[PDB]
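The chain below stands alone and is given in structure tokens; this is the form solved without the named molecule.
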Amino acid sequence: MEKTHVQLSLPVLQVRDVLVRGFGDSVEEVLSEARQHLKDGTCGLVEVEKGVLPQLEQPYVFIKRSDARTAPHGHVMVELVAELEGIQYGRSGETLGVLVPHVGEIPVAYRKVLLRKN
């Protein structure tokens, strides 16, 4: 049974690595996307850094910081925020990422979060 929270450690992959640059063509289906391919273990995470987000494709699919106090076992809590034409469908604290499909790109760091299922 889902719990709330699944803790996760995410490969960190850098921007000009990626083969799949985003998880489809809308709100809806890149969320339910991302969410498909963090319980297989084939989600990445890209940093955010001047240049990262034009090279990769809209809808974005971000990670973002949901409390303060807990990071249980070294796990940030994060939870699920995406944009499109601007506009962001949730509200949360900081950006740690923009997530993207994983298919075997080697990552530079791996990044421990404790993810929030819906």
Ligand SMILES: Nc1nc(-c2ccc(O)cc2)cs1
Contents of the next structure:
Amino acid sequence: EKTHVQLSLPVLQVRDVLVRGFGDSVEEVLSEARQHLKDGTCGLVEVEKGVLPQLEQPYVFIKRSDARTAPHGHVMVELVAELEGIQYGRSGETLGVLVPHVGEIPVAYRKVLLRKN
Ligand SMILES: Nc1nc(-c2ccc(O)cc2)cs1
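Right, the form solved without the named molecule is done, so what does the form deposited with the named molecule bound look like?
To see the whole picture, the full complex is given below, headed by that same chain.
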């Protein structure tokens, strides 16, 4: 497994998302997020007012992991989970919140260089 992988994630509007989180514990949501990333079944919801209360906790965020540079168009990112106000991981700015993708029509694709850790 290389340390990072280039992915193009479908960006979903929150009201379209059918499965509003990955599971019921921090460890489960991180595990499931990683599996859906592997399978090409992970979407991204950009955070704006009203978005997080419409999604299910624990949340999985992708956050920016370096400023140096975004290789080949793909922002370098890592996963950080949140439950009841506590975060598991420390990283940079949030690009969005990951959710299962089950065929919803995206509004854009977001290119990222994902750290697998
Ligand atoms: N070849 C590819 N590997 C992945 C991947 C692999 C491992 C993870 O933990 C998360 C994503 C996505 S695409």
